[PDB]
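Participant: Using the hints provided, position chains D, W, P, Z, S, B and H with the ligands relative to the given structure of chain U.
So the chains spell out like this:
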Amino acid sequence: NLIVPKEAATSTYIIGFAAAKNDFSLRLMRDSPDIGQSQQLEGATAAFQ
Amino acid sequence: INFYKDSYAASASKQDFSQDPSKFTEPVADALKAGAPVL
Amino acid sequence: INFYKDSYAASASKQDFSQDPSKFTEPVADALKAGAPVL
Amino acid sequence: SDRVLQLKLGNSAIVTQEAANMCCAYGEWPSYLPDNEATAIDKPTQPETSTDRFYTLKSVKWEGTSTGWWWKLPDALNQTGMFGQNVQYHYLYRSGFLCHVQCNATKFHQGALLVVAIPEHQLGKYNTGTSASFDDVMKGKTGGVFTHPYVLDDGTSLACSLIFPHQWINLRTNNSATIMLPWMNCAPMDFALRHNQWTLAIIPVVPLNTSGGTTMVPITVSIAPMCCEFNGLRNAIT
Amino acid sequence: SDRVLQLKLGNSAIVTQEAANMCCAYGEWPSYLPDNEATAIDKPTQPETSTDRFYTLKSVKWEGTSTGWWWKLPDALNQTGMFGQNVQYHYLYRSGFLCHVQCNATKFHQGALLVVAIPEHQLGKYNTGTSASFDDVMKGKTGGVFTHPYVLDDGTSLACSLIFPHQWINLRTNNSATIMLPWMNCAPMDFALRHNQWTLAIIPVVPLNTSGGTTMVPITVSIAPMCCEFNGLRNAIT
Amino acid sequence: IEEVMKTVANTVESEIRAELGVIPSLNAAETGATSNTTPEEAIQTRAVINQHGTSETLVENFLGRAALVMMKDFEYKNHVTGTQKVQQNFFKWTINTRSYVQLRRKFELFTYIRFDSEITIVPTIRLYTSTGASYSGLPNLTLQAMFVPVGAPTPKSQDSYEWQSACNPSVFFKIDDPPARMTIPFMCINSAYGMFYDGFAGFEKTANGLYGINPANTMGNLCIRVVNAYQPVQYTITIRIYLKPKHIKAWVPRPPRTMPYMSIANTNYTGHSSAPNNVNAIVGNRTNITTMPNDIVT
Amino acid sequence: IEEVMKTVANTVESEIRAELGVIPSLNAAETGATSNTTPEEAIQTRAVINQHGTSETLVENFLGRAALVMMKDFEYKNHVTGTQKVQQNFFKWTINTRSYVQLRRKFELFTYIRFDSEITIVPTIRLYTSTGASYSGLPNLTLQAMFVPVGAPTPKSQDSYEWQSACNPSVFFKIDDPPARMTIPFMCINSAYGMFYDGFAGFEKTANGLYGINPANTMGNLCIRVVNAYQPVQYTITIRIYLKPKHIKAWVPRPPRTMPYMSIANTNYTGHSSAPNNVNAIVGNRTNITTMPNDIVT
Amino acid sequence: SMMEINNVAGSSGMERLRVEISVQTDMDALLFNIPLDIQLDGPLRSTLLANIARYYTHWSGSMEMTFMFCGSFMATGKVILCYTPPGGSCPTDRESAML
Ligand SMILES: CCCCCCCCCCCCC/C=C\[C@H](O)[C@H](N)CO
Ligand SMILES: CCCCCCCCCCCCC/C=C\[C@H](O)[C@H](N)CO
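Chains U, D, W, P, Z, S, B and H supply the protein sequences, listed in that same order.
According to the UniProt record's numbering, the first sequence is numbered sequentially starting from 516.
According to the UniProt record's numbering, the second sequence is numbered sequentially starting from 30.
According to the UniProt record's numbering, the third sequence is numbered sequentially starting from 30.
According to the UniProt record's numbering, the fourth sequence is numbered sequentially starting from 79.
According to the UniProt record's numbering, the fifth sequence is numbered sequentially starting from 79.
According to the UniProt record's numbering, the sixth sequence is numbered sequentially starting from 565.
According to the UniProt record's numbering, the seventh sequence is numbered sequentially starting from 565.
According to the UniProt record's numbering, the eighth sequence is numbered sequentially starting from 368.
Since the hints were made in silico from the structure, they are not lab data.
Some hints here could point you the wrong way.
Said to hold, decoys possible - Computed spacing ranges between beta-carbons, pair by pair:
no. : chain 1 : residue 1 : chain 2 : residue 2 : range
1   : W       : 38        : B       : 747       : 41 to 49 Å
2   : U       : 525       : B       : 766       : 50 to 58 Å
3   : W       : 38        : B       : 733       : 42 to 50 Å
4   : B       : 780       : W       : 38        : 51 to 59 Å
As the list claims (entries may be wrong) - Here are the simulated EDC-like pairs of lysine to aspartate or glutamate, each with C-alpha atoms no more than 16 Å apart in a straight line:
no. : chain 1 : residue 1 : chain 2 : residue 2
5   : Z       : 139       : H       : 393
6   : B       : 570       : D       : 59
7   : W       : 34        : B       : 741
8   : W       : 52        : S       : 723
9   : Z       : 139       : H       : 408
As the list claims (entries may be wrong) - Not the full set, but computed from the structure, chain H residues with beta-carbon under 8 Å of chain S:
no. : residue
10  : 424
11  : 425
12  : 428
13  : 454
14  : 457
Quick reminder that beta carbons are idealized off the backbone N, C-alpha and C, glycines included.
Here chain U stands alone, though its shape is the one from the complex:
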């Protein structure tokens, strides 16, 4: 369980972290789905004037 004294808070937090280890490897580089464009950015077309 979580056991706490009478005067201590009964709720606490965990932080979780993750990582690779020294045997980890990646192959076949692609484009990440984490970003994308829909329109020209602000000032993008201003660079031509």
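Facilitator: Below, chains D, W, P, Z, S, B and H with the ligands alone, put in the same frame as chain U:
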């Protein structure tokens, strides 16, 4: 094949297999051992 | 002629004349002789 | 000398006095996975005498109208013994197999069986576009029967299937067939519940003729896993 | 240095930061049966990473009126994991055990537990002539509770039970206890379903006092079989 | 054993044989072994120094030939007109090697093949025939073929922003140039490609839909577009992809396919309505087992 | 230390451990060090000789790929008609590498990068669709791309006299040729390019307008024109510039960008209206912390 | 790097990076679970691991998850963190999970 005078014209140099995961994973003053209690 | 860095880019390797017809034609535990009665 | 044969594995043994020979597939012998080729890093379990032993399936009755029979070779054992239990508790499996087929008759009976082990026998369906269902292929220890053995239910041919490791059971000469199968896979190990490495097929190429003798002629299949090992222990799922 | 301890077995590991020490029963370590002492001649199966690993039982709630708890030490695992399956498929069993007991509290809680492993704890009954029934003793993974812990339910005494391998869990000092048990038997091996070599007993000699803090204080038992081997493979019986 | 065979075997001389206990021409097919009876012990042979080579029939030379793997046409116009708000001057293809039976049957002679793929892209162009179909020549358009691995975003328009391809490899090639060519490595997650998969691609036990689908045969997508903006006239672009394998290694030979293929996802069969290549009759029929169909009339 | 790693680490065998005072799986994240617990001391491992290479993921190979850096179209006609007295068959671009997010996010994984730039210019051409839009093929026009450093005069017309380029480097390339290619050196005034600048580009303390503008990122202008005089018909020229870095050196890795970009001059963020990639919720929502969204139904 | 284990509606900003552990009134209780996926949207998708890995298609090798307790000094507890190899459903009881 590089027939240009300027060395920066050459192909890519994709050959540097040295690594140092320790500047990021263990950047501490006192080296941590294995199995020994950290602090 | 291969001027690419990756060895898989090379031409075909049509040069391996070794053969072993025996994994398919005689894949038995006891080797069969010639002229001797099989079983 | 090569007509008698005794196979011993764990607490099980089989003798035969009219064997033809022993077929070792592709001139190979089962062995454990070397460290050179392994990928899963956890320590494997290698039960030897509790898994590497003969399991005798139910017999099938050879009739005059029989088309043939097949067993998906891990799938046929997944529900059987300590092998099945290890298969259920572990994510990853690897083994060879030693397949022995028994069918005895008299000197007046006649007929021939093709005992052929087909690696990665992806089953086809006749006259339909939809693929085979889970039930059509995951028949378990019961096995299936061929619909069109002449094309191996695969659009290939029976005639060329002799390229695969095989033996015959010609009733005038021999009453048993034995084939030893190594690990067939691209991968070092596999999930035993969703992929079959081998199919043992029994096909009556020459039809049985009793000629007044005993009519109930059964075919019996005994399979022993070889060099079993398992990885990724967890809870049991069936 | 001796207050922190990590135990690793197969795919399971346990850490503790307030251990007292480790208790190795009678200065002994589990080991496989040597050929010098064996009697069954068939080749044993020795699953290592699938059986020699920690199994965490259900927790028990420590109350102010608690008398104590016990687990019959093979019997508690006979229905659990690959150990249980091997126990079911084999006539003969042998192992040690590594028993770890977890009970954590605060610096304001108080109480003491006697974690004692009793070899061949033949259970007695109070105020009756008839012996204990099968249900009274074969409690499985649930374990039992002591009726009269002061006589160990055995007409002996709790006070002298410190002759057996034991550890304490004093809430002001430590929150875990670990005892490692070798094979205790006259015989080289035994039928795991009708004889228990060890009883792990948890007895609250000093009663728990919450003193305004958290009231639900559970005790958790994790046991790992050590050097398991099995003989006499057959069908599974439960 | 293993022997190096640049040529085929010679024939040696043979002589009259009349021995007791020696039966070279007698075998036992039940053992699973092919007959070892050689011509010199079947008949009285002469010597023949035989210099017939075996190089043409090597597996590397048997499979190492470019064959059609994909072919697809699409319209090059302005599709924004109407109710369509997307330019759509492109197409997407999920890479498979089971679409065209010629290459497919040659690959399915083995269970596992490991090879690098030499890819050649052959574009053709025509001018659409409709009303004002006054020919004016074929424009020299530049095309972009982008490889899109599993999990990468896929373009939805000709003017999508997935076409920058910061990480996805692309080739820009023109109509009038030589065909585009690049090598894909052996890119399986296993040691070899499986031509056949006797299993399911999902951990979940669905009733149907996943038999024979190999989890490792998920090579991804090929997207090809026209870089140029639309012209006032419509053209039809046809893209043909040729695959040549190289550095080939093949294991476990299999019976060749005899029934016509029906799908790219399964081995389903129906055959023809009558022999040859029928589910009951692979070889054509002769009148009886005593009839030569092509007999010399002497 | 520094180790050369052609492959990844092997796994060694491991055995039962029950030691006092040894706690490999216990760490302290407050020190700022990542856990050093290895698999062999977490679980009982087998030996594995591991031959998985690490070359594909080198920084040189991670960044050394051509990506779109600029794309711009302009009209090729006679603009002198009307009230415009300047030919204007050209355009000017102020060089930046923050216009297209695919390359930008890959660069902003580091604070400083030193590289030479391999520049590839890909021209496309179309025929404008208006009235007499009778197709007659795409002309083989020659284009001039002139690099204009800071402080050099900049062309104001197609027929300006800045196009002699006695000192400014120029490339003359035709539509039907292969794309033009040249290497720009590492041309920063500092030892490396800064992807981020936490400061101001002016000595004067203006209220706003100069935060995040790096003084060294003033690479100058690229001016591209059509050398040919105007044709009787109007064409649209589209110029795409691809940048490939090479000889790359990267320092100080940074958290990847998660919010969509909004400008090329600042790191301003707004996110999406709902998860994923929202200012309050980068990862999408599940029902609760006890819910697998993709759970095998056994 | 931190995992958004608490990626639920209602949790905004930093609330997503931390998991509340509180005094239970039921033993053997399930606290949370983490979907071990990198391509799909999940707790791993916030890590630097998953942000570099998603630039590639294939991966191999062991990972690690580190958990940190940020309660008071006087709070004690014991938790078991179990990894289950694939093949079946997620364990919902501790007796099935500890296997
Ligand atoms: C710079 C790359 C852009 C062009 C990319 C072209 C991709 C086209 C590939 C078509 C054929 C790929 C074949 C790959 C694998 C094997 O053949 C299959 N798994 C069959 O086993
Ligand atoms: C003969 C030269 C004529 C063509 C000149 C082409 C110039 C186009 C250059 C575009 C990209 C230049 C990138 C230069 C520097 C760095 O990438 C930026 N400072 C970003 O840090």
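Participant: Take the hints in turn and mark each one as holding or not.
Facilitator: Hints, one by one, checked against the model:
no.: 1; hint: W:38 with B:747: 41 to 49 Å; verdict: 23 Å, violated
no.: 2; hint: U:525 with B:766: 50 to 58 Å; verdict: 56 Å, holds
no.: 3; hint: W:38 with B:733: 42 to 50 Å; verdict: 33 Å, violated
no.: 4; hint: B:780 with W:38: 51 to 59 Å; verdict: 39 Å, violated
no.: 5; hint: Z:139 with H:393; verdict: 10 Å, holds
no.: 6; hint: B:570 with D:59; verdict: 29 Å, violated
no.: 7; hint: W:34 with B:741; verdict: 26 Å, violated
no.: 8; hint: W:52 with S:723; verdict: 56 Å, violated
no.: 9; hint: Z:139 with H:408; verdict: 39 Å, violated
no.: 10; hint: 424; verdict: 4 Å, holds
no.: 11; hint: 425; verdict: 6 Å, holds
no.: 12; hint: 428; verdict: 13 Å, violated
no.: 13; hint: 454; verdict: 6 Å, holds
no.: 14; hint: 457; verdict: 12 Å, violated
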